[PDB]
Amino acid sequence: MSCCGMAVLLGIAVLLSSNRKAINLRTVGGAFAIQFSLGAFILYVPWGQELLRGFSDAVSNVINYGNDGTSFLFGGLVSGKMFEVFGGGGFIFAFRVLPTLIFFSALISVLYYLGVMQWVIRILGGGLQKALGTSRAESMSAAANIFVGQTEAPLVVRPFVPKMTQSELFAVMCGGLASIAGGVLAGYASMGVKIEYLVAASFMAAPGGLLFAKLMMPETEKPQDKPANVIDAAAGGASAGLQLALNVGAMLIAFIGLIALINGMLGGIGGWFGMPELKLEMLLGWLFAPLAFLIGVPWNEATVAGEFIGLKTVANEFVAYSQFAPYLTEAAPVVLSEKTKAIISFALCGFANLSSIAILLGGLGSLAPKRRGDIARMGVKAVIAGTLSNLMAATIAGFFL
Amino acid sequence: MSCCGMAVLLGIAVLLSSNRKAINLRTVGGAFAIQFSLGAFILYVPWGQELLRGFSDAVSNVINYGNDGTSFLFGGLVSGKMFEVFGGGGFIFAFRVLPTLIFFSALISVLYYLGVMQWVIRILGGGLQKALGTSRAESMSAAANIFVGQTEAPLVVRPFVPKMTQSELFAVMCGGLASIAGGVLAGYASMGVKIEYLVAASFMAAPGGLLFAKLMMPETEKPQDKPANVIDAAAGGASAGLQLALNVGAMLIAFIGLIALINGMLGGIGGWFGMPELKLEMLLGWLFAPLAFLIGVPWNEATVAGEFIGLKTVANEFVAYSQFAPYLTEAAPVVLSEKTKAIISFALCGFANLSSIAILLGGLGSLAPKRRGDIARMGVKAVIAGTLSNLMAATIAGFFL
Amino acid sequence: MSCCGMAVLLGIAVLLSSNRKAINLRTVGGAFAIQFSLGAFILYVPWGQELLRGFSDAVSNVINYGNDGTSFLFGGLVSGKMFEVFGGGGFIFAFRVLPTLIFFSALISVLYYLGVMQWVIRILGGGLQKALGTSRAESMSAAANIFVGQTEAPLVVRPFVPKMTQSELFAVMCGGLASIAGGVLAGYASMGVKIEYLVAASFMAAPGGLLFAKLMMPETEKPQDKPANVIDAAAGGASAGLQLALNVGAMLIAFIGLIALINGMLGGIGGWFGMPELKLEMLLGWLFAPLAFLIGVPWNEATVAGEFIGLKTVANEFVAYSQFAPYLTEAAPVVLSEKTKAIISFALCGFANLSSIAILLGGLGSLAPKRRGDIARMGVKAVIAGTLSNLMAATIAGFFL
Ligand SMILES: CCCCCCCCCCO[C@@H]1O[C@H](CO)[C@@H](O[C@H]2O[C@H](CO)[C@@H](O)[C@H](O)[C@H]2O)[C@H](O)[C@H]1O
Ligand SMILES: CCCCCCCCCCO[C@@H]1O[C@H](CO)[C@@H](O[C@H]2O[C@H](CO)[C@@H](O)[C@H](O)[C@H]2O)[C@H](O)[C@H]1O
Ligand SMILES: CCCCCCCCCCO[C@@H]1O[C@H](CO)[C@@H](O[C@H]2O[C@H](CO)[C@@H](O)[C@H](O)[C@H]2O)[C@H](O)[C@H]1O
Ligand SMILES: O=c1ccn([C@@H]2O[C@H](CO)[C@@H](O)[C@H]2O)c(=O)[nH]1
Ligand SMILES: O=c1ccn([C@@H]2O[C@H](CO)[C@@H](O)[C@H]2O)c(=O)[nH]1
Ligand SMILES: O=c1ccn([C@@H]2O[C@H](CO)[C@@H](O)[C@H]2O)c(=O)[nH]1
Ligand code: NA
Ligand code: NA
Ligand code: NA
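Residue numbers (the authors' numbering), protein chains in the order written: chain A, 5 to 229, 241 to 416; chain A', 5 to 229, 241 to 416; chain A'', 5 to 229, 241 to 416. A prime marks a further copy of an entry chain.
Derived by calculation from the structure, the hints in this document are not laboratory data. None of the hints are false.
Since copy identity is lost for identical chains, a pair holds within one copy or between any two.
When the alpha-carbon atoms are kept at most 25 Å apart in a straight line, the in silico DMTMM-like pairs for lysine to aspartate or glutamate are as follows:
| # | residue 1 | residue 2 |
| --- | --- | --- |
| 1 | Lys354 | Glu296 |
| 2 | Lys198 | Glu353 |
| 3 | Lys294 | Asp247 |
| 4 | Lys167 | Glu225 |
| 5 | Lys134 | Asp229 |
| 6 | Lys226 | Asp389 |
Okay, chain A solo, but in the shape it has when bound:
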């Protein structure tokens, strides 16, 4: 059922291709091989499982160190006393999760100043272009997207963006949509999402993004080819992380509020058709259950899984994770299998949604203002490609689990 899932996902991409005959079998064959093998290595092979576990524990340690800054600012409100007083409601999201975005943004900026990020990206991106035949720039952007967000990753190849082929630009877009970022990864981890899955999905996003970019927009043209000190670097990162944290916080207040209002209205509207219990989650579960089943979620869990996967696609993954997180605790409304939890975790791990197009337009567009028309034109296809990559990663994860 998983292998059928993989075939259908690949087939959809081929059906949507700008030119199926231009599809490079080495590129897309190798890309799928890498995404599949990467998953096999770290989710199934003992030595790989241990490397993943080791990496994840380090990430967990870094998060905990960063929480010392949070503890200073908010004191008792992020202490154990909160759970005694308020019970479950003692976990204040605004103080527990959002500040991690600030710390990690500062850390990443420091690692860029020190040249550490560039070193890792150069190695991974180099391996990708040699194996796949993808261009230098698009391969580096794909690798950068493992660690940073869709508008930050292309910065490592910013002078090459204005003259990128349409296929290159599309791949750059897909690499961002198929992945997340270090900051929010730590946020999702703080919400209870398994770090191993997040790290695995992040790394798998690089070949996965190239896979579906090159299936849906094969190359038909010919491609071509700093802060004053480390403290300034950290400060710049903290500032950017602050803006992100404020925006995420405002988005969540509004979007979760709007879903509640939508459910209030759907209840009244549904009542006209004998369904006063109608809610957005029900519509999404009903609509997306076949997709969840297709990627390997058991029949009796596909509807609940569909709620989260659907919400990620029609809104964004942060809102989706916010609703999925309770199902990872002991107080879960529905106790899901460990394979279903994993599949959902992987399928949600991406910036692939329609609103990300506007973000790419501004961020990626500022890097090449004459290409904004191209970005807008390819936006929906890029979101589909990114969605397919997330789904494929989830299917693969479901397979080896």
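Put chains A' and A'' with the ligands on the given structure of chain A with help from the hints.
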């Protein structure tokens, strides 16, 4: 005493008119007739009272739905447990009131994307121009101001602003000053201000604003005549609401702190004249009590009412409402009559203050940069006109109550 | 030992001078005389101690008035109940300290609108230029820096900045680096730092900054020679203070988190050399202990003092004060002498750090865009000069204490 109040308010406007002889009796006669009749309909007439009550309950429901987003972000800190632990101080303004500005800003942006706002505005604005003979653009801006703020309302007629007559521009300014906005309305509602009064004052602001704009600046010239998707729209609204919420929060911290400092100084200064108990509230109550009496506040409550009305005028209505709100609870320093509470609520319901001029200069001015000189020149008169509109609405409300 | 400290500090500046032969003995002799005498007057002379105490009590009163705005916004979370529930962790830094930056920024803006700041600055700056022979503009900027921050102080002489001599510009830079600002002073006071020391250090920064600016960059060229209302002024100040408060909060979360991560890594790295207990504080204490000893800290307290002084220099003074503050309470890890507490307090009281260069580049540079190259070139020397001024003030304070 109320009818004398109305006459005096109208008379002040005539005295201040740019040209009393140019005053159109159909326009200003009809405008007052509408504001008066609207008040009669929804505050006195049974069917109207029920429509107002019905509308207000829906608004109350929407607020409650939006608070689900707040609950997610701040958890226990906006739960019932807070009142057990901290008593009255368990109500954290920053978390209870300010986030509502974010949710409603997102909602309004969604309703604009969907064309719902434009539909309502087109009907109300159309009714106004046909009845009053006011221009198309200024009538639409007046109607828009019922729902959105002074810098947002003119956006519905933004290409007509640069070539507006001085009278039109003045009316656009007055419509914003005479009203509030959906976001802060929900904020004031969350503070305990009766939703019915806020909704009534908002609707009454549209004819009221035109009434005093056309009394004080009659037409002497001849007038003339988008986000990519709904999710982007919501996000844009949340972002704008976030900025508003942060600014309101900072303003309140500073202004309430400055009033405390001012009172500290006034105590020392007053002591020199045998009045060590001197405070800003006393000065304002003393100065504005005749105005409160004039609009229908009983003699023995006019001084307390004057404090709030005065504070609204010399600072802004948010600060005023922040100080008035305790008088709406059981722990009120002075138990005021229901008519006085209503009168104060109406009189405070407007952006009419001197600081709003600077806001109009930036917001409305960006729509027509060559008209910034005009905006500055007419600023004080526009604030007076807006104040008169609020006072008239309060007098009318006091009449039918 | 203190007089040797003063001599060494002066000597370092002479060694680093752009031209020792161009050093004006009247200027630098008088500047040191003023900084020394000011310290004698307010820290030793009874009448001066009483003026300082009186000024500090007023500042303390103003802070308390401003906290009424904080109380309104955050209610129970800044009440005495917090200490009952959470103990020491009941003091929430984000709500107790950061909002004071907002109130004071609004207050300062009001005092500028009213002409009060300009009056005081004119008198102090006038006294400085007449006594020292320093130029009008650089003397006014030095005096302004007593009250406002490094990018705000030059605004009082902004049309003279583009054509300043290199020596003048350097002095303007040094005056900002040698001092702090009214907003954060109130923040540091709220953290437990003695107001008397903060006020004393602020005033001593004006001659101290000129002293080391004129020692290290003597004049070799020839020098030359608004909000609509008070409510707008307050609002503008609140807005600027809000941005500062958000940035300081984000910086603290990130920097304190990064120090924790650094200590995690140093523990592992140190372990390789038989020092698993290695931390950043130990490195800094070891590196800066001789400097602390030099300025008058007793041998057995110099290492602990070095931690704070070192942290201020390599990061910034806010982070330094955040770590020093616990040592001012009863729960201090090490009970330090009152003289050591004072010396540390003075030595930390300055914006002198490398990151402040980037801030001067933006803020001061916008005032004279053609001088940004000069600012960058003189940045490190200016930070050294500012550091020397702070150290000299601490040595002087240690002397009379
Ligand atoms: C909160 C939970 C409720 C869920 C509700 C889900 C509703 C989803 C609406 C999607 O709307 C479409 O979004 C596209 C993507 O932006 C828009 O394309 C616009 O932008 C595209 C990419 O820029 C272009 O291809 C199109 O031409 C341009 O119409 C299109 O107009 C718009 O109708
Ligand atoms: C916190 C509670 C304490 C309450 C204190 C109340 C003090 C109120 C001060 C009002 O000050 C006036 O404000 C006008 C409005 O901005 C200014 O006009 C300025 O702007 C107007 C409109 O732009 C122009 O008409 C004027 O020419 C221009 O002077 C005017 O200068 C200023 O003196
Ligand atoms: C968190 C606690 C851990 C503490 C770590 C302490 C590390 C301190 C690093 C200082 O780094 C130097 O900073 C200078 C100051 O910015 C830079 O000069 C840069 O800027 C100067 C002033 O603009 C110019 O003089 C220089 O030419 C230019 O290199 C210089 O490159 C950079 O190497
Ligand atoms: O670093 C980040 C974090 C978030 N987002 C946007 O915010 C949404 C929620 O995380 C994402 O889907 C994406 O559109 C980014 O663009 N970059
Ligand atoms: O949508 C809004 C909300 C507030 N304000 C300004 O903020 C003050 C306090 O609400 C108002 O008087 C007005 O000047 C606006 O301009 N628009
Ligand atoms: O008004 C202020 C407050 C802070 N800072 C910067 O923030 C750091 C921490 O207070 C300072 O060293 C300085 O670089 C300023 O520039 N101005
Ligand atoms: Na990414
Ligand atoms: Na309005
Ligand atoms: Na200063």
